Amino acid sequence: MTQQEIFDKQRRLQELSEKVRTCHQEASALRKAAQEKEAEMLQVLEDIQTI
Amino acid sequence: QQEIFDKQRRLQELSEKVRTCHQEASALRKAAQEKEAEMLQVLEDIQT
Amino acid sequence: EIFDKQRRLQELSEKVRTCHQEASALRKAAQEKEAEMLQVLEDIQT
Amino acid sequence: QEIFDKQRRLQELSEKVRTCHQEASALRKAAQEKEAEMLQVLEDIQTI
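Protein chains in written order, with the entry's author numbering: chain B, 460 to 510; chain C, 462 to 509; chain D, 464 to 509; chain A, 463 to 510.
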């Protein structure tokens, strides 16, 4: 229960918070890519139906 | 024969099912984007 | 202070997990449904 | 005699759907791994 421990704990939170943010960016990008790819696939299906 | 036409109808229903899956997945992705954005703000709020 | 923020993060973390588990199940089902649609799409052209 | 071109298009597009399925699946699988990775880090925050 001291400032040293407080400073350490805060230092770790910031490092882990950064990690979490990175993971958020990557995951979001992957999800969007999946979305667009699915849309593409459906569009190719519609193209098969067209001819 | 009739079965081949029936297979085409089944293919259509399958495609529609896939479309449904895609829409639901879209909803879940948007929800995930919203939910993660709020907690990421809490982490940025922990800073400071 | 920091402990309170940990509890708030814990609240939202369980929400993200639930949304994650829900999406994971749909991902498996989406792949299978597409595979069947493809399997049908392959058999129709003999 | 447009059937030869149409049949070639049907085959090619079918293959394209098959590849888009594989690519989508891998991207979805990659997304799940990242979410799992994110959650594991969030567990570390609970540990302080």
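Hints may contain errors.
Said to hold, decoys possible - Calculated pairs, BS3-like style, for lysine-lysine (alpha carbon to alpha carbon, straight line, at most 27 Å): (1) D:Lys491 to C:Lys468; (2) A:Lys468 to C:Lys496; (3) C:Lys496 to A:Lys496; (4) B:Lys478 to B:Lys468; (5) B:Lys496 to D:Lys468; (6) D:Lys478 to D:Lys491; (7) C:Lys468 to C:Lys478.
If you are wondering where the hints come from, they were derived from the structure by calculation, not from laboratory data.
Hints versus structure:
1. With a CA separation close to 24 Å, the supplied pair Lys491 of chain D and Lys468 of chain C stays within the 27 Å bound.
2. Distance restraint check for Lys468 of chain A and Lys496 of chain C: the Cα-Cα separation of roughly 46 Å exceeds the 27 Å cut-off, and the hinted pair is therefore not satisfied.
3. The hinted pair formed by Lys496 of chain C and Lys496 of chain A meets the criterion: a straight-line CA distance of about 15 Å does not exceed 27 Å.
4. Distance check on the hinted pair: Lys478 of chain B and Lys468 of chain B sit about 15 Å apart at the alpha-carbon level, within 27 Å; holds.
5. Restraint check for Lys496 of chain B and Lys468 of chain D: the C-alpha separation of about 37 Å exceeds 27 Å, so the hint is violated.
6. For the given pair, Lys478 of chain D sits about 21 Å from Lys491 of chain D by alpha-carbon distance, which is consistent with the 27 Å threshold.
7. Distance restraint check for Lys468 of chain C and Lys478 of chain C: the Cα-Cα separation of roughly 15 Å lies within the 27 Å cut-off, and the hinted pair is therefore satisfied.
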